[PDB]
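Novice: The primary structure of each chain is shown beneath.
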Amino acid sequence: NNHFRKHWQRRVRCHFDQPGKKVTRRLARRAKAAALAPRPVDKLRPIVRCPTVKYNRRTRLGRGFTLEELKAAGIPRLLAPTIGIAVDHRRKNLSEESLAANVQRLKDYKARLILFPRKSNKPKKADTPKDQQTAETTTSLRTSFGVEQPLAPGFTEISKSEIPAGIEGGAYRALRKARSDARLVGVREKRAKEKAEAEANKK
Amino acid sequence: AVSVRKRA
Amino acid sequence: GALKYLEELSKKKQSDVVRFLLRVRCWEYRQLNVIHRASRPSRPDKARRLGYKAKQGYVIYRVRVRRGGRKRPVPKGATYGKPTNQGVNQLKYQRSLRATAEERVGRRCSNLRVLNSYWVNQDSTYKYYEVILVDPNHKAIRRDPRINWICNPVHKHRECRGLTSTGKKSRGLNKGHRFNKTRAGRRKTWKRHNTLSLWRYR
Amino acid sequence: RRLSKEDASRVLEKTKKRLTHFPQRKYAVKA
Amino acid sequence: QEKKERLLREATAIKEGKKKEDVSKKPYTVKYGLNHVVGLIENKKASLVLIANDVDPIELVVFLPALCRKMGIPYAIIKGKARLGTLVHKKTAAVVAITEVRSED
Amino acid sequence: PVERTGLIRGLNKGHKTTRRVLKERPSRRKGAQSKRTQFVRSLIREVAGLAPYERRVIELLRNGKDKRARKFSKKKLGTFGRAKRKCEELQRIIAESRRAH
RNA sequence: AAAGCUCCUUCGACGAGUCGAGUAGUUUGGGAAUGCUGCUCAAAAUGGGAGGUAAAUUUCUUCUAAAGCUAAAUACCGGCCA
RNA sequence: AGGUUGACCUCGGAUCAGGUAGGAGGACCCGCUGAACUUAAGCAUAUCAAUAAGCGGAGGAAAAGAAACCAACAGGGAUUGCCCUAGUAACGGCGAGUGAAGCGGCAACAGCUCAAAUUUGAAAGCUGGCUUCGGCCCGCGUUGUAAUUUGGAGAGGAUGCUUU
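Protein chains in written order, with the entry's author numbering: chain LL, 11 to 213; chain Ce, 100 to 107; chain LN, 2 to 203; chain Lh, 95 to 125; chain LG, 106 to 210; chain Li, 10 to 110.
Careful, some of the hints might be misleading.
Claimed, not checked - With a straight-line cut-off of 20 Å between C-alpha atoms, the simulated SDA-like cross-links for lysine to any residue are:
1. Li/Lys22 to LL/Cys60
2. LG/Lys175 to Li/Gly58
3. Li/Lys25 to LL/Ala111
4. LN/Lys176 to LL/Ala111
5. Lh/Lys99 to LN/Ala141
6. LL/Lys16 to LN/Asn195
7. LN/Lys14 to Li/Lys44
8. LG/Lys150 to Li/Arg91
9. LL/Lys64 to Li/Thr26
10. Lh/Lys120 to LL/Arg101
11. LL/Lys53 to LL/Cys24
Said to hold, decoys possible - Counterexamples of contact, computed for chain Lh against chain LN with all Cβ distances above 10 Å:
12. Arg96
13. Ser98
14. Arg104
15. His115
16. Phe116
Quick caveat, the hints were computed from the structure, so don't treat them as lab data.
Where a beta carbon is used, it is the ideal one built from N, C-alpha and C, also for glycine.
Let the sequences and hints guide you as you build the complete structure.
Specialist: Encoded structure:
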């Protein structure tokens with residue numbers, strides 16, 4: 011099973027420039043950090059759940075926060091990209107839990123944010139006071155605001171007094187019954203409509 | 100009357 | 002606005018008024034030259050929605066192109082290799098007559114930049130298009146931030162590279178599963194799939 | 095044939111308002 | 106020119122602390138421009154509509170008699186888009202309209 | 010919204026979450042008819058008239074050959090749904106004309 | 001003078017020989033589900049597209065085409081410097 | 001004077017005033033067009049290959065790009081690139097063979113502009129010429145140049161604080 015029937019030698023890509031590219035990327039990262047000092051080098055990202063039944067067990071970082079999250083955190087959508095927060099207009103909040111988690115994330119970021127004034131002579135009420143501007147800072151939001159619990163805890167202790175009773179009939183019986191009900195949802199409804207029609211015809 | 104939008 | 006009424010009127014191309022106007026305009030454009038300047042667009046709503054403005058530096062050029070298929074220029078129209086099971090009468094050009102018209106109009110006015118183009122009329126022999134062109138050297142164009150992107154040298158001859166609307170349509174630059182081979186560039190994707198990657202610590 | 099500096103730096107009125115009232119701020123995050 | 110003296114007079118008024126409405130009166134002019142006249146007809150503000158007979162392309166004004174008949178606007182087709190342009194200080198005017206005139210007229 | 014059963018299979022399968030009600034996105038307003046759009050389309054319709062295939066479907070519906078009109082509309086347009094909608098609006102046109110007359 | 005936030009009775013325009021259909025050529029893993037082009041027909045207003053087996057009926061989920069701009073990570077047997 | 005005097009529209013002329021294009025290079029990039037040797041026992045499907053040759057067009061990158069997307073989940077969320085998916089799904093005479101994509105981890109991240117609205121209590125917009133550098137003219141333009149709006153919304157209201 012070797013696919014060497016075309017002119018493969020014309021487009022062989024060797025990777026001897028891997029350490030040179032790593033050095034170039036590190037130089038670009040340090041230049042970006044020096045240009046963006048004292049701000050962090052990257053934007054804040056929300057915690058989103060991976061799609062599909064294979065990966066829904068694990069959460070990760072998303073593209074940006076939703077407008078509902080920004081509104082509930084009290085951050086205007088025009089101020090948000092100017093203070094290092096990423097905004098994603100396509101994403102929606104279909105449940106309360108992710109909305110509350112991202113709102114709490116934005117609230118912690120807002121509480122830990124230090125906002126320098128536009129002019130040093132005239133500080134506004136929304137800006138950080140000069141005596142409070144001096145504090146230890148972080149430059150990696152991916153590390154400081156990372157995914158602390160990507161997976162649920164797979165090990166938990168309960169007492170035997172509070173053990174669950176269990177579903178009646180058994181879990182395997184419950185799964186078989188659910189599958190059979192899903193496969194027979196339509197036929198039972200049609201027979202119910204037929205019985206209702208017979209009752210209406212000959213009540 | 101047909102109005103395109105509300106007018107100030 | 003009247004352009005909404007012009008839009009809904011131009012949707013009904015088989016009504017009596019639109020058929021009469023299309024017939025008389027077909028006769029006039031067939032009597033005129035193959036490529037000629039239009040003083041004003043014949044479809045102002047279509048030109049305006051495609052990006053035309055009534056500003057110095059915007060011009061309209063009308064063009065007719067012979068319609069039908071493409072014939073391979075071999076002597077006596079016969080191929081002398083392996084049999085192809087088909088004739089040259091059923092070969093199809095992979096780009097549009099609109100794109101061919103855009104290239105011919107650009108070669109007629111090489112100092113301008115082709116913005117977009119639109120169908121105006123057709124008959125059995127020709128299809129008729131009107132092409133909007135922008136002057137990259139006009140001060141009114143260069144001072145407008147909505148259009149001075151076309152003054153950059155990267156936008157030279159968009160119609161020759163397929164950067165116009167019909168060019169993107171022919172290149173299949175659409176998102177989705179139906180455009181897997183062509184959404185990022187067909188030959189680039191083919192090279193990416195057929196290249197062999199050999200890392201150092203393999 | 096390159097565009098002049100002022101023509102390249104021209105912005106629209108809406109963009110001018112957005113840059114006037116919401117520019118890129120200087121900020122820091124506590125650790 | 107008349108706009109220049111009007112703006113100069115309004116500038117003097119706002120310099121000595123009066124509103125522009127205190128020194129300037131409500132204007133009464135012939136309404137023109139195709140989109141403007143179509144909007145006035147749709148809002149039933151135009152009292153009279155004059156449409157040029159030689160508009161090329163004809164689709165710009167081919168619906169205007171029917172629009173005026175639906176909205177109950179008195180309309181008339183007249184000869185000369187250049188003749189209307191002489192009214193509106195232009196070379197060409199496809200359609201003009203009167204919404205209101207003065208009490209003397 | 011209906012509550013999920015919390016099982017991996019069956020009806021209403023999936024992990025239990027508190028579903029939200031959300032304000033309708035303005036991108037989903039497309040297809041809703043506007044007052045100005047209705048007025049403009051009605052005026053353009055009475056100015057321009059009908060297409061020849063539309064007149065053919067009109068006379069077929071006047072004769073009462075509904076299946077033949079549906080087949081001709083499908084042949085002219087391409088899809089059964091577009092044919093059905095075209096036949097419905099032409100029947101509405103016939104009804105409006107007969108209620109006018 | 002412009003600008004943002006909060007709430008709302010109401011309004012809320014959104015790209016046509018275009019989408020789509022048939023047919024022919026070509027292409028594709030998409031010779032049952034691909035894209036492009038030519039010819040013929042040719043749309044609509046909660047409409048339209050998609051949901052990889054053809055069709056009718058009833059639903060559901062996603063977006064919003066036929067106008068346009070935009071750095072970076074990517075490529076480099078040409079040129080220059082090392 | 002009315003057989004006159006003009007206003008527009010369209011089409012021309014000028015060694016008119018001011019500009020622009022051609023050719024080179026083409027390693028990489030965007031398209032068009034397009035083989036055969038080879039591999040299939042031979043050989044018109046196929047493979048080579050949507051390659052070589054030929055043609056048009058750019059730049060330091062080009063192209064693509066902010067969903068008429070993926071999905072079917074507790075939902076992800078512009079484009080590009082690497083690893084993986086995976087030699088898998090799938091396609092294929094008489095079989096030699098061909099062959100993706102979603103998710104996932106990473107690199108890098110950046111968002112937006114028009115048409116469809118009447119400024120109508122005032123084309124507020126712009127090219128060119130002359131300048132005493134204050135401006136003044138010839139004009140373009142209402143068959144629509146400015147401000148505002150782009151679906152993430154917005155328009156109209158109500159409300160009380162903030163911003164330049």
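Novice: Decide, hint by hint, whether the structure agrees.
Specialist: How the hints compare with the structure:
1. Li/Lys22 to LL/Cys60: Holds: Li/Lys22 and LL/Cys60 sit about 18 Å apart, inside 20 Å.
2. LG/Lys175 to Li/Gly58: holds (16 Å)
3. Li/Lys25 to LL/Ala111: With a Cα-Cα distance of about 17 Å, the restraint between Li/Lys25 and LL/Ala111 holds, given a limit of 20 Å.
4. LN/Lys176 to LL/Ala111: violated (32 Å)
5. Lh/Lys99 to LN/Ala141: Distance of about 15 Å is within 20 Å: holds.
6. LL/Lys16 to LN/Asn195: holds (9 Å)
7. LN/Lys14 to Li/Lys44: With Cα atoms ~24 Å apart, LN/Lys14 and Li/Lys44 exceed 20 Å; violated.
8. LG/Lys150 to Li/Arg91: With a Cα-Cα distance of about 40 Å, the restraint between LG/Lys150 and Li/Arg91 is violated, given a limit of 20 Å.
9. LL/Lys64 to Li/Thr26: OK: LL/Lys64 and Li/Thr26 at ~18 Å, within 20 Å.
10. Lh/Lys120 to LL/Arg101: Outside the cut-off at roughly 28 Å; violated.
11. LL/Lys53 to LL/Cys24: violated (34 Å)
12. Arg96: violated (8 Å)
13. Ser98: The claim breaks: Lh/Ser98 does not keep its Cβ more than 10 Å from every Cβ of chain LN (closest is about 8 Å).
14. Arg104: Label violated. Min Cβ-Cβ 5 Å, cutoff 10 Å.
15. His115: holds (19 Å)
16. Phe116: holds (19 Å)
In this structure, the hints that do not hold are numbers 4, 7, 8, 10, 11, 12, 13, 14, in rising order.
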